[PDB]
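Asks: One letter stands for each residue in the lines below.
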Amino acid sequence: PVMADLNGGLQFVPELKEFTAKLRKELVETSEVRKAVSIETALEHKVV
Amino acid sequence: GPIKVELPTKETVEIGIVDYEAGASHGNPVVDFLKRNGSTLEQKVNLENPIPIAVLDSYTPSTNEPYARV
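Taken in order, these protein sequences are the chains called C and B.
With UniProt numbering applied, the first sequence corresponds to residues 921 to 968, in that order.
With UniProt numbering applied, the second sequence corresponds to residues 1487 to 1556, in that order.
The hints are simulated quantities; they were obtained by calculation from the structure and are not laboratory data.
Treat each hint with caution, since some may be false.
If you anchor each label on the Cβ, the simulated ranges turn out as follows [said to hold, decoys possible]:
(1) B:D1505 / C:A962: 17 to 25 Å
(2) B:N1514 / C:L930: 26 to 34 Å
(3) B:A1554 / C:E964: 50 to 58 Å
(4) C:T950 / B:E1497: 35 to 43 Å
(5) B:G1509 / C:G929: 58 to 66 Å
(6) B:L1520 / C:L947: 29 to 37 Å
(7) B:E1497 / C:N927: 54 to 62 Å
(8) B:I1501 / C:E960: 47 to 55 Å
(9) B:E1534 / C:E935: 56 to 64 Å
(10) C:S958 / B:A1540: 57 to 65 Å
(11) C:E952 / B:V1504: 20 to 28 Å
(12) C:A941 / B:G1524: 41 to 49 Å
Idealized CB from N, CA, C, for every residue including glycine.
Model the full assembly from the supplied sequences, consistent with the hints where possible.
Replies: Spelled out as structure tokens, the structure:
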């Protein structure tokens, strides 16, 4: 029997679950912050 | 105006100042932001039912001169 590792070195990243969760939260936060700030700036412009 | 923060003892302490100055405008953006995002604290608190006190009769004087003079 042959065992083929087609994983591209992913096994060498430690604490993979936490690392990927951190990446995901980074992205989600950036998106949400930017959206909220843009909405508030637009509303301030529309009232002023 | 001042900005204040509530403490664990429910005493609020100033932490900063609101400062908005603008020229020609159609409104105040600060008040709109605070209305939409915050809540307004109202000192007056209504009873669930008003308590009538009395209905009274009163009359106006026949001359306004004494009140004017006093």
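Asks: With 26 to 34 Å as the target window, see if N1514 (chain B) and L930 (chain C) comply at their CB atoms.
Replies: violated (54 Å)
Asks: May I ask you to test the hint 54 to 62 Å on the CB atoms belonging to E1497 (chain B) and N927 (chain C)?
Replies: holds (58 Å)
Asks: Is the distance from the Cβ of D1505 (chain B) to the Cβ of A962 (chain C) consistent with 17 to 25 Å?
Replies: The hinted range 17 to 25 Å holds for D1505 (chain B) and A962 (chain C), with Cβ atoms some 22 Å apart.
Asks: Holds or violated: the 58 to 66 Å window for the beta-carbon distance between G1509 (chain B) and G929 (chain C)?
Replies: With Cβ atoms ~60 Å apart, the hint holds.
Asks: Is the hinted range of 41 to 49 Å satisfied by the C-beta distance from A941 (chain C) to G1524 (chain B)?
Replies: Violated, since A941 (chain C) and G1524 (chain B) (Cβ atoms, about 32 Å apart) do not stay within the stated range.
Asks: Is it true that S958 (chain C) and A1540 (chain B) lie within 57 to 65 Å of each other by Cβ?
Replies: At roughly 58 Å between Cβ atoms, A1540 (chain B) and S958 (chain C) fall inside 57 to 65 Å, so the hint holds.
Asks: So the hint says 20 to 28 Å: do the beta-carbon atoms of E952 (chain C) and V1504 (chain B) match that?
Replies: The hinted range 20 to 28 Å holds for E952 (chain C) and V1504 (chain B), with Cβ atoms some 25 Å apart.
Asks: For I1501 (chain B) and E960 (chain C), compare the CB-CB distance with the range 47 to 55 Å and indicate the outcome.
Replies: Distance hint for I1501 (chain B), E960 (chain C) is violated at roughly 21 Å.
Asks: State, for the Cβ atoms of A1554 (chain B) and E964 (chain C), whether the hinted interval 50 to 58 Å holds or is violated.
Replies: Holds - the Cβ-Cβ distance for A1554 (chain B) and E964 (chain C), about 53 Å, lies within 50 to 58 Å.
Asks: How does the Cβ-Cβ distance of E1534 (chain B) and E935 (chain C) compare with 56 to 64 Å: does it lie in that range?
Replies: holds (57 Å)
Asks: Quick check: does the Cβ-Cβ distance between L1520 (chain B) and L947 (chain C) fall within 29 to 37 Å?
Replies: Between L1520 (chain B) and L947 (chain C), where Cβ atoms are some 30 Å apart, the hint holds.
Asks: State, for the Cβ atoms of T950 (chain C) and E1497 (chain B), whether the hinted interval 35 to 43 Å holds or is violated.
Replies: Since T950 (chain C) and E1497 (chain B) have Cβ atoms about 37 Å apart, the given range 35 to 43 Å holds.
In the structure shown, a violation is registered for the earlier hints numbered 2, 8, 12, in ascending order.
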